[PDB]
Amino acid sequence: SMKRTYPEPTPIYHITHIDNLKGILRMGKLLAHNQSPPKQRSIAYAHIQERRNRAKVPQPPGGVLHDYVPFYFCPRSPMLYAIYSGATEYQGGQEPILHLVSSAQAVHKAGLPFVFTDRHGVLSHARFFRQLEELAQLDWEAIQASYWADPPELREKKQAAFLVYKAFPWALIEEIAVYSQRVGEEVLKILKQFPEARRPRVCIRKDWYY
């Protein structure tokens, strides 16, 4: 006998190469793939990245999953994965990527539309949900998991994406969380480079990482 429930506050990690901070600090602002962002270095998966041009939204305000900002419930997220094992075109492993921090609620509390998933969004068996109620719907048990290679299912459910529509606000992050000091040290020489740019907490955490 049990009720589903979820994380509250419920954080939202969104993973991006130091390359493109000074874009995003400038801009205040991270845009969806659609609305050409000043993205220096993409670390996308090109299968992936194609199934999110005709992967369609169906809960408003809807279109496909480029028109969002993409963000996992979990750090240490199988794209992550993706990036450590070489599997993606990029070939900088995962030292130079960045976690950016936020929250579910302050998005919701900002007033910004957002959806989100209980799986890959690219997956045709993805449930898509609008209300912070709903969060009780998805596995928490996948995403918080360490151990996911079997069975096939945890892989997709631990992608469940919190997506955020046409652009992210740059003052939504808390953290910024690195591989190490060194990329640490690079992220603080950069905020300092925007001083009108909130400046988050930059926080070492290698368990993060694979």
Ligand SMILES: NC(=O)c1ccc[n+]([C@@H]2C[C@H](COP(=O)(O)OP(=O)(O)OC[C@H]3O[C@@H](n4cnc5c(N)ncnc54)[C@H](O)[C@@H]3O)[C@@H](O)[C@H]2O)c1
Contents of the next structure:
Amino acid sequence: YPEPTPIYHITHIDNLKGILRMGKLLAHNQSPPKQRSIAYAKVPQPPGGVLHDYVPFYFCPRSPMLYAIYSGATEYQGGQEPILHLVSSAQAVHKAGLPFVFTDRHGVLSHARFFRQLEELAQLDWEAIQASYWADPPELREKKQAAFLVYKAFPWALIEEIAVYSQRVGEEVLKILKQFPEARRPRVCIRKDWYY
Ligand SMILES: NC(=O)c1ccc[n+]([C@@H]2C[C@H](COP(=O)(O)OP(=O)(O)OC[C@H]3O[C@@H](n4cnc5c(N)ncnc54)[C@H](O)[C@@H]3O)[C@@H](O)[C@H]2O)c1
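Now show me the form solved in complex with the named molecule, since the one above was the form deposited without the named molecule.
Everything in the complex follows now, all chains and molecules, and the chain you saw is the first one.
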């Protein structure tokens, strides 16, 4: 498995002020003050609960979820340009002492496997996760959506990089970061190769 093991959370730039003000991402069930959601299940490892009790990450950028945004398949119609990739690592979460679990596919699938030890990152399909071509077979899309789940909240200061589609969005991100001079200022990188 890649070490450190990057984890990616995609979110609309309109959510960044709320993340910086709270100093964290909040799990769905912890009522984040979201401005845009990009939406179109029990967790059997401790600390248990359901998927929406965790802040979720993928193990790749340019995810199938981002393709659904790009293709207008979400209720959200603003497309990929305003969507940030927030980058951290699985090892940082462990080092910070935060409870996590991770899956080998979307956890709602009956055959989904759940893990809580970093050595079990070997159980994931890294061919699917890292694939640039994932149209067929259908299982590639499923296994590409392996997720890293952090219970209840994810501190902003674990984010190492904000990746953006364009110069204009990179500049907007820096304007927002400068409104919270106490908040960690990660590097901001234009990564067109992480988008469609
Ligand atoms: N976003 C991802 O990278 C990702 C990864 C894995 C799975 N998923 C699932 C795909 C599906 C839709 O995703 P999404 O729109 O992220 O989930 P969601 O519909 O649960 O909406 C939560 C939203 O709140 C945002 N948010 C969190 N904390 C704050 C805060 N402090 N202030 C402002 N906004 C905040 C978060 O970034 C996200 O946009 C959900 O079922 C997710 O669990 C998403």
